[PDB]
Amino acid sequence: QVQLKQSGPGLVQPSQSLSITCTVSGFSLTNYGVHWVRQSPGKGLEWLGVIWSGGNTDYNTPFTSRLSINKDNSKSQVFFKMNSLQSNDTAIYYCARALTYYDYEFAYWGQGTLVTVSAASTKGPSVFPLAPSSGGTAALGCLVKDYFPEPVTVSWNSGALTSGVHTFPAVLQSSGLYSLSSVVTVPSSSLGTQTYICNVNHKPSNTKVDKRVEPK
Amino acid sequence: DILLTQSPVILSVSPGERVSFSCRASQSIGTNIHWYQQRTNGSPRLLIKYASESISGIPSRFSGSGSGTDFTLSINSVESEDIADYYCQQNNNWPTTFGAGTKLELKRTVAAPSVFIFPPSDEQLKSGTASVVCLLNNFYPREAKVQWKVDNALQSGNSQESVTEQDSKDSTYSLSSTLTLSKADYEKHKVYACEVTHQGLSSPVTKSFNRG
Amino acid sequence: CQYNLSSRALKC
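Top line first, the protein sequences correspond to chains B, A and E. Residues 1 to 133, 138 to 220 (the entry's author numbering) make up the first sequence, in order. For the second sequence, the entry's author numbering gives the first residue as 1, with consecutive numbering after it. For the third sequence, the entry's author numbering gives the first residue as 1, with consecutive numbering after it.
Because the hints were derived from the structure by calculation, they are not lab data. Fair warning: there could be bad hints in the mix.
Which chain A residues face chain E? A few, computed with CB under 8 Å, are given here [claimed, not checked]: (1) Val9; (2) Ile10; (3) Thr40; (4) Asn41; (5) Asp70; (6) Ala100; (7) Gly101; (8) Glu165; (9) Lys183.
For every residue, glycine included, the Cβ atom is placed at its ideal position computed from N, Cα and C.
With the hints as extra help, turn the sequences into a complete structure.
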């Protein structure tokens, strides 16, 4: 199967550079170009450039002087590098592959890399339980609080629990640190026989925490 | 560069209805337009290439038409999982450019939220802060009011709300409201109440607890 | 109306 997998989310300091690796499988880099597209609040979807089969590059006009794309065919890796980032470069960056070697209809995409441009320091989250205290249904959750930058991933029971899960968008606190809750509803009778663990991963700080949530 | 203008900005429709997205180009681009679907937290998914051409794995309800400057993506009978943002892309002229997108929202019947309240954990209290969380689960429409009271004092300015995107199956939202107090304030008071107002409730629903 | 990085969807 054709896949593109990008390196993890990262904080970049203003005027510093951004580096992202796209590792592909299911096809050879010698046979297809790999494009880079970003998506920001201020600009939406914006094509940045491409590295062609033979190693040639084209860069979109505003990026010709600060964008560098290279690759390692044998390693199936494409390297995106952009210099002098400013806060309006905060965006999700994607690699993508077209349907054919020369074209631009992007049938396959990486999962995206969220880049935050900020002078602040990375900080791992605290995780606190939202303990189950109607209609045989109990709600419980985890409060993932005080981290920077975005994003965090939250799953339940190592991915086995997905039904009834709601992970809320993070909100920025006045501290300049993010906070979010993830909740799930389950039958109250299962509270005594099943375990509920929220698996939290804050990649920018390399922080993984599994919080068990139980009736108080 | 070619400017693509997508309209409307937001489309709200009921399941089973026909829907169409418009993309207008600043100059003629032939049929060199591709369409994408982007679900919440997802990457773009190619729906139609070259204005009207189908893509393998894409449901038959998606189709496209148009040439020149005026293009249309159609969903002939919308399903709940079609909830997403939709984008057009032109590639007649370098550089390839994208529209600003149309958000597709889905209508459904009114559904009252189920309300749950969570006291701060003892774990958190050790750090000197208390978070109290009120959950409004699986409701529609999106509009809701959450009012916090501590010992009958109305709380203002010290809570934040977050709302999920529409669920792909039942089209409902959920909402969290988080009331944040210093530990000292929290310890000074007893009754913590979340009062929820929503169209699907005949009267406000209050969930509360007594600290300890 | 613009793309929101926390909700990962358009935010009108």
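Evaluated hints:
1. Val9: With Cβ-Cβ at 5 Å, under 8 Å, it holds.
2. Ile10: holds (6 Å)
3. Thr40: holds (5 Å)
4. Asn41: This interface hint holds because 4 Å falls under the 8 Å limit.
5. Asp70: violated (21 Å)
6. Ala100: holds (7 Å)
7. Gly101: holds (6 Å)
8. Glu165: Status holds, d = 5 Å.
9. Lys183: At about 27 Å, which exceeds the 8 Å cut-off, the nearest Cβ of chain E leaves the hint on A:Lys183 violated.
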